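Single-letter residue listing:
There are 2 protein chains.
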Amino acid sequence: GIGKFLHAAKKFXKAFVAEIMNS
Amino acid sequence: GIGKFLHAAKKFXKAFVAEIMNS
Numbered sequence: 003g004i005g006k007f008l009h010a011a012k013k014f015x016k017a018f019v020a021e022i023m024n025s
Numbered sequence: 003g004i005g006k007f008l009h010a011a012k013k014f015x016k017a018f019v020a021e022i023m024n025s
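Chains as they are written, first to last, in the entry's author numbering: chain A, 3 to 25; chain B, 3 to 25.
These are calculated hints, taken from the structure and not from any lab test. We put the beta carbon where it would ideally sit given N, CA and C, even for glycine. A portion of the hints provided could be inaccurate.
Just some of the chain B residues that point at chain A, by a computed CB distance under 8 angstroms [said to hold, decoys possible]:
(1) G3
(2) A10
(3) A17
(4) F18
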């Protein structure tokens with residue numbers, strides 16, 4: 003049940019961290 | 003960056019809501 007949600011949460015971790023580190 | 007982050011954030015809104023309404 004939770005796999006799509008967990009994956010999406012991890013991608014939303016990665017994207018935020020990429021945004022802040024972009025500069 | 004910001005566009006990818008906003009997209010991922012909203013996909014993670016959608017994915018949560020899809021799963022949680024099963025409860």
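Now the hints, each set against the structure:
1. Annotation: interface hint on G3 (chain B) holds; nearest CB of chain A at approximately 5 angstroms, less than 8 angstroms.
2. With a least beta-carbon distance of about 4 angstroms to chain A, the hint placing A10 (chain B) at the interface is held under the 8 angstroms criterion.
3. Given hint, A17 (chain B) at the interface with chain A, holds; its Cβ is 4 angstroms from that chain's nearest Cβ, closer than 8 angstroms.
4. A cut of 8 angstroms between beta carbons decides the hint on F18 (chain B): the least distance to chain A is about 6 angstroms, and the hint holds.
Violation of the numbered hints given earlier is absent; every hint is satisfied by the structure.
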